[PDB]
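Note that this complex is displayed minus one protein chain, with the remaining chains in position.
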Amino acid sequence: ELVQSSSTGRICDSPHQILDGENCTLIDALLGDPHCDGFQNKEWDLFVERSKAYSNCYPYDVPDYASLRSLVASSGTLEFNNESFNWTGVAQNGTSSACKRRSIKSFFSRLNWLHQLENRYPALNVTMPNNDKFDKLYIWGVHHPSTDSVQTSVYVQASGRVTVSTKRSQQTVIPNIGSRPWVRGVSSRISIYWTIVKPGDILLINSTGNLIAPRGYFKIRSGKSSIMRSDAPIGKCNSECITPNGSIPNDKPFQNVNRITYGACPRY
Amino acid sequence: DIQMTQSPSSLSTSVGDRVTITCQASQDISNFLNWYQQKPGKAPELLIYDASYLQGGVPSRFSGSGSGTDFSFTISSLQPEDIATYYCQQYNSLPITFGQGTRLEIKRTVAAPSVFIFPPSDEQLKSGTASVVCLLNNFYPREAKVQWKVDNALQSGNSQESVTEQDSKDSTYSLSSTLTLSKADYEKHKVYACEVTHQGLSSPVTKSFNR
Partner (left out) sequence: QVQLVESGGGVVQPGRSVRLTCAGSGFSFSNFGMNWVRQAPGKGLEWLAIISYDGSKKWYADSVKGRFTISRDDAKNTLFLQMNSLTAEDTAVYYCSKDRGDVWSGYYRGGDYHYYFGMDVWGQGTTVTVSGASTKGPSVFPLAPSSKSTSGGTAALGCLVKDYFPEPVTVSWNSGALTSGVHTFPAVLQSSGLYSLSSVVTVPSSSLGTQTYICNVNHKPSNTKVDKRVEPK
């Protein structure tokens, strides 16, 4: 008679494909944190983030974190298709000590840190057509140096400017030079942004410094997948309903265990 | 909820010596640790941030080091303008917690206190109360034990003491313990004694009166 109030305590890996977060969140796996290299091109129906997760790369920030977290979560895939942009006149594959991959200075595997090339840095203009029948998700960023000498030593430009535009939208970011508290031995930050390119629309980038260029796109779609914050371990069982407190049988008409759920779950 | 332990609670060095105070955190806080200076009566002043870096305008004699759980704070050459209490603060997670504090003092006096006793004045008796004042003048170190005796019986809970800062000349402390009683309870007894236990004293000194 009374509605269900008990959970098994674990989340069943069936029938829904459950990709677990462990030390990696969806955004760190999206950017390519070295300790998240095992999540490349991996799909899911429900991605579960853990409280023990942590970042171990370059200190960054995402201004609108939630919307970018919900875009990748609803698509249910981290499929990345590399694209060759014409970064003529600049150097690529910038690395840092705060992002160690295989005990070597590295960077976000999905980002290309453009820096100076022989004390020369031209106004980069590149385009990308998007000839497909689906939306593309480009992940780019803007680097915030610590002092004016770092801004000069890396880009040889007194003021940086970055602009990412399409046929519908445009995004302009200005780097803010200043001293940040040291994080993994770095007094600098990076601001991560994104731009959706619809079919038939062209991507455009006019940057005169501090560009964290992308290496490609992700296949985005408003699918059925989602994301959930939970610490309950994943067990070997089947269960049509899933809650942050664990899997739940969907036989009773209601349930009072948590307001968040996924699947054919009776009302909370 | 991260605990910050700071040792020692106080120390005493001369001018020109190397002073080193530390700070131990209850868990790994990486380099998210800061050091402040609080001169007497003023507000805290930031000196070391991110464990290792020195804030602008601060002399080079100051420095910090450490990562994880143990951090150190070092003054290569102590100066008279460095007499203050230094704290350590974290920011690894919420809540942000401070340290206990470490007071800087001066050594090398090691002189015994001068003990005096003051019976309650006749004007205070008229008001209905009675306060016997015991004085420990110019002594070092700070550690001092003052016990009250009313007709040879040890007292407790009915006295209060206050200590001055180190004198700017001889670096000695002064203490004043106040035994508070009503006049009715004061006139019930005859001998009121103040026994003082200090390191510089061979035997405990007891000053007393009658009535």
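To keep things simple, chains are lettered A and B as they appear, and every chain counts its residues starting from 1.
One rule holds in what follows: a contact is a pair of C-beta atoms (placed from the backbone, for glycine too) under 8 Å apart; a residue touches a chain by one contact, two chains touch by 3 or more.
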Full-complex contact with the absent chain, from A:59, A:214 or A:244: A:59
Residue of B:15, B:153, B:154 or B:163 touching the missing chain in the full complex: B:163
Of B:147, B:178, B:197 or B:199, the one touching the omitted chain in the full complex: B:178
Residues belonging to chain A that touch the chain removed from view: 23, 25, 27, 49-55, 59-62, 65, 144, 176, 178, 180-181, 183, 189, 191, 229
For chain B, the residues touching the chain missing from this view: 1, 32, 34, 36, 38, 43-46, 49, 55, 87, 89, 91, 93-101, 114, 116-121, 123-124, 127, 129, 131, 133, 135, 137, 160-164, 174-176, 178, 180, 207-209
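Assume only the chains that are shown with their structure count from here on.
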Chain A - residues contacting chain B, complex: 181-182
Residue numbers on chain B that touch chain A, as the complex places them: 31, 49-50, 53
